[PDB]
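*Asks:* Each chain is listed here by its residues.
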Amino acid sequence: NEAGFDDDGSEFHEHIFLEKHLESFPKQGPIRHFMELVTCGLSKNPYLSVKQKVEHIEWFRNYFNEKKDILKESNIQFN
Amino acid sequence: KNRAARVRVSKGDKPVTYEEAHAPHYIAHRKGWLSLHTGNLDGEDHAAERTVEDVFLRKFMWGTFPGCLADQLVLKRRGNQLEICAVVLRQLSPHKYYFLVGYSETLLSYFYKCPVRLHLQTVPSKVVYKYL
Amino acid sequence: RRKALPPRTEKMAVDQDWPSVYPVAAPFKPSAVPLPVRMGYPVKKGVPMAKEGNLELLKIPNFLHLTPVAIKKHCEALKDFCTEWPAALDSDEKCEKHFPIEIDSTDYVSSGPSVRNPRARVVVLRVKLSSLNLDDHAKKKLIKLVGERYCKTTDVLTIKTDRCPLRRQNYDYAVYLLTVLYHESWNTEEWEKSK
Amino acid sequence: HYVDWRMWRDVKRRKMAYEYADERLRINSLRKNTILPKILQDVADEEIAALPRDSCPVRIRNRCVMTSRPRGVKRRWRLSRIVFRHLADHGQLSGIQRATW
Amino acid sequence: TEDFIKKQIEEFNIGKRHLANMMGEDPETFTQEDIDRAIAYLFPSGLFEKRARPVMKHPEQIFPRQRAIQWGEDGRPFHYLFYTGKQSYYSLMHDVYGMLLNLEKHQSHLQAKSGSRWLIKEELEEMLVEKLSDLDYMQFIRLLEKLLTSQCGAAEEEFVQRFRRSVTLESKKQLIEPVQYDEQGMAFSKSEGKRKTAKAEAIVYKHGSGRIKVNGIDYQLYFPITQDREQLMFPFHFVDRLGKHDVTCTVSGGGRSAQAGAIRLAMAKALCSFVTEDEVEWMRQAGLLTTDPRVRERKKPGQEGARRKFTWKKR
Amino acid sequence: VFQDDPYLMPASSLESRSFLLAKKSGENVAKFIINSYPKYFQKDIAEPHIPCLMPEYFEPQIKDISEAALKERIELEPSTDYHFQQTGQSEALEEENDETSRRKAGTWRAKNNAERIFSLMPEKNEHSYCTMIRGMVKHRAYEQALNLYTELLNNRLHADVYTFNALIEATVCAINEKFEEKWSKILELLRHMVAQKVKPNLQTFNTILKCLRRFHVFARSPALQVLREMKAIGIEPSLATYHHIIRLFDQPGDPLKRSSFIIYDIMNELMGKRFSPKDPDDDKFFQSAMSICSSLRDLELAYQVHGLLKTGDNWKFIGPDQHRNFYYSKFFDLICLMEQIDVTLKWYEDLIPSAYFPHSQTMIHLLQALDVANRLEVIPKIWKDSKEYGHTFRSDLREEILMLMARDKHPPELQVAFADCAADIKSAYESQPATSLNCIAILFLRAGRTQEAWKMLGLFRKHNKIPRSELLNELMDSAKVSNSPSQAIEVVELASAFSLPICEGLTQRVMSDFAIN
Amino acid sequence: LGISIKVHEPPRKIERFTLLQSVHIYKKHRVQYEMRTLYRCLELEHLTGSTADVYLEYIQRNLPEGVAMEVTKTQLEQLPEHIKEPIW
Amino acid sequence: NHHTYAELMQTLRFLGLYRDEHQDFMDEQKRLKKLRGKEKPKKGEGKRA
Amino acid sequence: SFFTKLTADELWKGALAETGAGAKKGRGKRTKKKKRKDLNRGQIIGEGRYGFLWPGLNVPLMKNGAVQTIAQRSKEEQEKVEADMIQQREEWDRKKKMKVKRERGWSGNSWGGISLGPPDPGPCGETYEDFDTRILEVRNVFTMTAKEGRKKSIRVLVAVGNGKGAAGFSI
RNA sequence: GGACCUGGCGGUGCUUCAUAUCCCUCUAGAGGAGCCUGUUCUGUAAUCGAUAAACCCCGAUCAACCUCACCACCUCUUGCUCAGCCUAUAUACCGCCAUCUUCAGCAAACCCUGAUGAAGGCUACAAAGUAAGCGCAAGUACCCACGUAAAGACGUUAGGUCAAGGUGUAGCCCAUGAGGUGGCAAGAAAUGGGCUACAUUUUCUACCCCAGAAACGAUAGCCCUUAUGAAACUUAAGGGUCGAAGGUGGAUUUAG
DNA sequence: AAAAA
Ligand SMILES: [Mg+2]
Ligand SMILES: [Mg+2]
Ligand SMILES: [Mg+2]
Ligand SMILES: [Mg+2]
Ligand SMILES: [Mg+2]
Ligand SMILES: [Mg+2]
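Residue numbers (PDB author numbering), protein chains in the order written: chain AY, 317 to 395; chain AC, 36 to 167; chain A1, 49 to 243; chain AK, 28 to 128; chain AG, 70 to 183, 196 to 396; chain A4, 88 to 163, 202 to 231, 237 to 562, 572 to 656; chain AH, 102 to 189; chain AZ, 54 to 102; chain AD, 88 to 258.
In short, the hints are calculated from the structure, not lab data. All C-beta atoms, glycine included, are put in the ideal place defined by N, C-alpha and C. Treat the hints with caution; some may be incorrect.
These stretches of chain AC come out as covered by chain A4 in the derived footprint (C-beta under 8 Å, 3 or more residues) [claimed, not checked]:
(1) 122 to 130
(2) 133 to 141
(3) 150 to 161
Construct all of the structure, not just a fragment, from the sequences and the given hints.
*Replies:* Quick look at the structure:
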C-alpha cells in the first residue's frame, strides 16, 4: 500500500507536531484555546496531510486578519 | 403465482437450455453464479462499481454479438485479471471471430485498466436440454 | 465457414506432463481436455449434462494448474531464495528476550485496479515491557501515564498508531512516542512529593 | 443523453455540495462553541445565510443509479430493491442466495 | 446405441489414463476412490446437492439399464411370455406358483408316507428393468409369505432367500464411559452435553459428600431456585445415591434452566461408569440417556412467533 | 498467441498467418477508434496510474510557435507542411531531428528537402553530409555522398558511420560488375576515418560486407576480411552481412563442401552464439542456412542452426512465415535423412505442431521417404494439407500415395494399407480424371471390396479415360474368379469403344475368362 | 518446503437481510437472502522476510477470483537507535 | 457518470458497432408514425399556426 | 438513467403481447392487432451510416499477399447503400403483403372440396401415393369446462380415396 | 318445440375425518380509556393509486424549506446533453406478487365404446387401457430419517401496479415541457392496527426473586438544555410543580 | 394470421 501513496514524502514531525504553526497568535484567552482545539483536531486526522493543515492555518490567519475590528472588540488583543 | 425468472411450463415447443431452466431458489443447490468477486463478502465494499462494470460488460457483449452467443457469460474477477470465458457458435468465419475477440480484448485492456483473455468453446448451437 | 480439426484428444500420448499443457490458471476448456467429467441435475430416464457447453464446470474454479509435480518443481526451484532460520530463535523465550519489539503489518487485497486502503495504514506495536530497565518509580510512573492500554497480566503494550497514511511514518511516530514515554524515567518535574 | 431530471438534479446537488463544503464545515465548526465572542458567530451565520441553496448536504437525496428511487435503497450496492433482487434470482452475484435456513 | 456406449467407455478409460499420468501413480492401482478424490481436488464443486457433483465412473451408472431387444430378424420373441406386457414378472409368478405346487405335493407325500427383510418395490424395479404397480406387488409378497409358511427344505429355502436382504443394526445403546485416572484421580470421569444452547462438562466422583460445584463455586450461589436443584437431584435420586457422590461441573452459555438441563444430561451420561447396564437402561427408558433438541423455532417474516400469524381479520 | 479451441486451432500455416493479420488489424482499428475521440479517455480511476492509459495525440498544443510547432507536427502532409510553416513564420532550421528525418522519410524529394535544409542556414556539416548520403543512397548516387563525406572529414570534424555506410552501399550494391573496386574504396574510407580520428561502428562494416556480397558471387576473401574486421571491433556483428556472405558462398559452391564450410565458419565467427541483435533481419541467416541444408543435404549446418536458434533464445529461429516454413521443411528433411523412423516421426510431431508447416519440395521428399519405408498413417492430414496449399498439388500427392498401394493387394494383415488406399482414392476423387481415376480403380480392386471396385470401375469407364493394363488384368481376374465374364466383356467393350490401347489384348483376356470360367 | 504450519476452522458468519417480494400491498410474503461465508486461517511459524515474501508471491500467483487475503506479519527487532539515552 | 457512457453508446450506434435493437425499434416506430400522418411537430405549427 | 436497455425478445413480446386475454375469450376481434416485422436479418456485422471497410468483416483479408487499409466511405457510397437498404425493405414489405392463391373447394371460406394431398406415410415403410384426402365437414365445437371456460374443439371429417373402389372415411 | 353431455349450484341423501377445530372446552387479543399511524369527510389553491373475504404503521425499510407528482409569482420556445411529458388506457404488455394452494390434477403420440353426435374409457379372485413432461411426495439447508425454511403447474378475480424499470395508441415543444421564492401533515365528525396500564399477579432499591418499603403508570400541554441539521411549526432524548377517562370490557370474533 | 474467387 505504498506504491503511488507516499503523501509527498512528508515526515511525521510535520503531521503530528503542529507547534511550528503558532506564531501570530496569543498564548492566553479564547483565541489560544481555539488554536489548541484545531491543533488537536488536525493532529488526529489520518485522512489529511501537511498541505491541508497548512492551507487551513493560512485560511484561519486570513479570516482573523480580515476581521480585525471584531478581534479588537472581542475583549482580547490579537498578537 | 410467484412468476419469477423460471421457464413457464405450457406447450412443448420452447428449446429451453439448462441455465435459467431451474428455479431461482436452486441457485446454491442445482446451479451457480455467473459473477464472482470479493465484494460479496463481509468486510468488503465497492460492490456498486463492480455491479455496474458487470452489467455494462454484459450489455456490451450482448450488443457486439447480435446472436453469436448462446446462453450467458461466466465472470472471473481475479483481482486485476478479468476473463470473459464463454462459448461461440459455428456459423461465421474464424477471421471475424478473431477480429472481434482482439477488438474486445484491446478495448477492455485500454478502458478498464485490465487485460482480458478469452477461452472460446466449440458448440454447434444453443446448449438445449429440454424441448418443452 | 466450417471446418473440422482434431483437438488435444488425439495428440496426448501416455506420458505427457500436465503442467506443460496448462501452466497458467486455465478455466478448463472442455473442447481440449479429454476428461469425461459430468455433473448437474439428471432426470429419471436420461443422463446429466456432459462437458460440451457446461457452464457449471466453467463457473467452478478448477485447479488443474496445481499439479503435484508442478508444486514439487516450484518448491525445489525456490530453495535458493529462502534464507536460513537460526536455531537460537526456535525457542520462544530466547526469541522474545532478544527481539521483544513487534511491528504488525497490514496488506489487504482489492478487486479493482486501485489498491488504496485507509485501513491498511495502521501498525500494532506489541512490545513486552519486561526486558528493559523497568525499576519501581519508573514502572509506577509509566503505568499511571498509560492507564489501561498496558496489560498487567501478560505485560504487553498495545498502542493503536494510525495518524498518518504511511507505515514507516507510523513506526517512526511510535518510536518517538516510546522515546517520550521513557524520557519520564530520567526527567522529572516537581509534582512527585504530593503522590 | 439523459431521460430523467430528478436524478440529474440530485447528482448536481451532490457535485455542488462536494465543491462547496470546506467553507460550510468551517462555519459549522465556528458556530458550535462554549464561550467565543458572539460577533464571530453572527458573521458566520451571515456568511452561511448569504450563500444560496443547491449546495447544502441536507438537500442531498439518496436514490438509485438506474431507476432513481428515493425509498428502499440499500447503501451497500446503491440501487433499488427490484433490479438487485432480479439479478440475484438470475444467479449472477455470488453469496446473495435465497435464505433456505 | 452400443457405439455410443463404446465411445463413452473409451473416453472414460483414456481419461482415467490421463488422470493416473498427471497424478503420478500407476494406472492399474488407480482405483475409483482415488479417481473421485482427484476429481474433487481438481474440480471443487461447492454446492449443496449431491447429484450435481463432478463424477467420472463407468457408463453403466451414468446411462440407465437399457431394455434389450427380445425379437430377432425372424420376428419370434426370445421369451415365452412376451405377448402380455410384463415378461419377467409373469415368469417369476409362474416359477413361484410351480414352487408352491411342488411344496404342496411334497407335503402331501410326506403326510401320506408316515436379521433379514423382504425386497422393496424401488429396489425390485431398479434390479429388474420392469415397472409394476402396488396391488400386484402386495399379491407377490403374500405369495412369498405363503411360500415361507409352508414346509421348506433346501432348494425352495435358497430360492426364497435369494429374494431377501439384510437389516442394519438395531441396538442403539450408547458407549459405556470407561474409568479414567488423571494424576491420582480415582473414580474420575467426564462427559459433555448440548441442549437448548447450553454446554456442560460434569466431573462425577465416587468419594465425596453430596454437593454440586458449578464453575468452582457451589451450586447454591449459582442456582438460587429449587427447580434447578431438583433437576440435578433427579439423576442421583433415580440411582439411590446421594451422600456418596460429588460432582464439579463447568457449564457455560444459556439461562438457568438450560444450564441445569445440560448439567443433568452430563451427569446422566457420566454415571454410566460404576454401575451395571440394566440401571443405565432403566435410566434411559425413564428420560435421562437421551438428547433434548428443543431449540427455539425460526421466526417467519409474517408471523408473530413462528406459529401465530399477525392481525388477520374478516372485514 | 492464438487460441486453443479446435475451430481456432492453428493447424496449417495460412490459417495462422490470417489469424495473426486479423489480430493486428483489430489492434490497429482499436487504437484508431481510441485515439479518434480524445474526450473519452480523460478520467483516471487507478491511483497508481497505469502508463497504458495515456492516449496519443496528433494535434499541436501551441500554435503560436514556429520551430516547435513544426517539430511537433513532423516528429514529436507532415514534413512538407512543417517546412511550409517554418518558411511562412520565418523559423530557423536545426541540425538535429530535422535534416535526418527529411532525408529518411521525406528519392528526389527527400534529397531536395535535405539540400534545402542544409543550404537554409549554416548548421552542422557532419549531419548535413550524413543526410545527403542517406538521400543519395536511396536514389542511386554515390559520388555526391563520397564528396560530402570527404568534406565533412576535411572540415576539422569526425564524420558519422551512417554516411560512410550509405556511400559504400550506393557504390557497391548500386553498381554493376564490381568487387575489388568496392573493397578498395571501403578500405580507403576506413583508413581515412582511422587517420582522421573517427570511431567506426560495426553497422557500417556489416552494410559494406552485405553490399559487397550482394554484387559478385566469387567475392569470398573480401567478404571474409570484412566479417573479420566487423567482428574485431567490439561485440557481435550484424546478421545481415553473415547472411549475405553465406548466400554468396553457397551460390558458387554447389559441388564441393569447402565453400559451405567457409560460409559456416564465417557465420559462426561473425554471429555464432545467442540471439545477437544488431541487424534488421536476423532470421535471414537462419533461413539461408536452412535452405542450404535442404538443398545440399547438410548434417552439420542444420544442427548448428538448431543449436544456435533454440538453446540460447527463440529469436533468431523464425522471423517471417516463408522463412519459418523453409526452416521446418529443412528440419523435417534432416530428420528423415539422418534419424531413423521413430525419431523422425517424433521430430515431425514436435516441429510441425509447434511452429508452421513445411515448404513444398522438401515436404514431398520427406513424404516419399516416409512412404518408401512402409509408413502410411498420417495420409488424411497430408491430403488435407495438400488440398489447403493448392488445387494442383493435392492431385499429385494423391497419385504419389496411390502409386505405392495400387500394385499391392490385400494380404494377411493389410487393414492399415487398405485404409490408406481408400483415403487416397477419396482424396483423389474429391479434388474438383485419368491417372488418378485409374489409380483409385486399381486401389479399389486390390482392396477386396466388390461394391467399391465396381463403383470405381463404373466411374472410370464413364470419365472418358481408360486405365492401364494392370487394372484391366486385375478386373478380368476378379471377374473370372467368380465364373462370370460379363464384367470382363463390358470392360473390353468400354475400352474398345473409347479408343484405347486395350483392344486385341482385352478381347483375348475376355475370351480366356469366358472359356476357363 | 519444511515450514510445518497449522490450520484450524474458526466459526463461520452468515449475513442475513430481508427484502420485499413484490412492491405493492403484499406484506405477507418476504423473500429473505443470506450470505454464507467460511474462514480458514493458516498458523505459520519461523519465517524470515525473504521466505515470507516468496511465499506471498507464490500464493498470489495462484489466487482465485472470489477470496480475500490480509497479511499481518510481525517483524523482529531488539532496540532502535534512540531509546536508551536519546535527546528530545 | 452516465454522460460518457451515453455518448459512447450513441457513437457506436452511429458507426454501426453496438447494435441496439431498442433504438432501432424506436426509429421504426417514429418512421411509421411519420408515414401514417403524425410527424414530429416543428417550430411554427400547433397553437399559433 | 440510460442503462434501461433490456433484451430485444422481451421488448418484442411487450410490444406484441401474444398472450392477450382478449383473444382467448372471444371478447375482442382478431383483425384489431399489431403486425411484426423482423430487423435482425439484413444487417452485417459492422455496418453504420458512416462507412468503414473492415479487412476481416467483409472484404477478404489476404489480398494478393497484402493487408488492406482501413478507410472511411464518402457520401455517394453512403447514398448507394441507403438506397439498397430502402429497396431491400420495400421488397420485404412487398413479400409480406402478397397472399397466396387459396384453392377454393365448394365455395368461399369453406374447407369442403379442398385437396390436402397425399397422406402421411406409415412408420413401417408403407407410403400411400395413390390415395387422396378430402375434407367434408368442418365445425367448431365448444364445451363449458371448469377452468378454461369455453373450450374450443375442432372436429373435421376427412375421407380417403384412390380411384380403384377401395376407400374409406374417418372422423 | 322435444332429446343428450360437461361445469357451477342444491337451506340435496349416505359414508370417513375436522390434531387447534365447532361446542361441552385451556390460554392470549380486537368497540372500557389514552398515545401514534392509515381509510374517509369538511375548509383551502395544496398529488395520486389499492380503498369486498385477497386494501388500512398499504406504495414509503422516511414528507421540517430538492425528496414534492399540488398551488401562487417570475423566466426559457433546443425549449439542456437534437432530446421528452410531472396527461388518459395494466380492456396492449414485458416484469414483480396475491385468498384458492391446510390437496393432487393437467397436457404431445395410439386404440376401443358411444350405429364414427356432442363425450367416456375406474373393477389385481380385474370387463381397454400404455402414457414421455409439469407441481408435491421423491428432493436442499438447519438441531439426522422428527420438525422448520425454501418451493407447490395448466387458471377465476380484464385482480395490484403503464406510479422498480422500458415499450403500443392519443395531444403538445413558440406546451399538458423545464428552472427559481413560499405555502401544503388544519379540524365539525365515523373507522382499522401497534403500545401502555385498569393494585397486592403490580411499583421502587444494589446482587434478578431466602430482602425491605410505599395501602399503582404511560401520553396532553408548559420551561430549560443536548447529537446532526444555515433557523425544532412534532417524529429523538434528559431534567422540573401541575399531570386528563383509568379501578379487568355485556350485541360479534381470531390463533396456539 | 418463403429463404461473404
Ligand atoms: Mg409465495
Ligand atoms: Mg412533465
Ligand atoms: Mg387498469
Ligand atoms: Mg416432493
Ligand atoms: Mg413454494
Ligand atoms: Mg386498478
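*Asks:* Verify this for me: three or more residues of the region 150 to 161 of chain AC with a beta carbon less than 8 Å from a beta carbon of chain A4.
*Replies:* holds (count 5)
*Asks:* Count the residues of the region 122 to 130 of chain AC with a beta-carbon closer than 8 Å to any beta-carbon of chain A4: does the count reach three?
*Replies:* With 4 residues in contact (Cβ-Cβ under 8 Å with chain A4), the coverage given for the region 122 to 130 of chain AC holds.
*Asks:* Okay, the region 133 to 141 of chain AC and chain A4, do three or more residues pass the C-beta test at under 8 Å?
*Replies:* With 7 residues in contact (Cβ-Cβ under 8 Å with chain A4), the coverage given for the region 133 to 141 of chain AC holds.
In terms of the numbered hints stated before, the structure departs from none.
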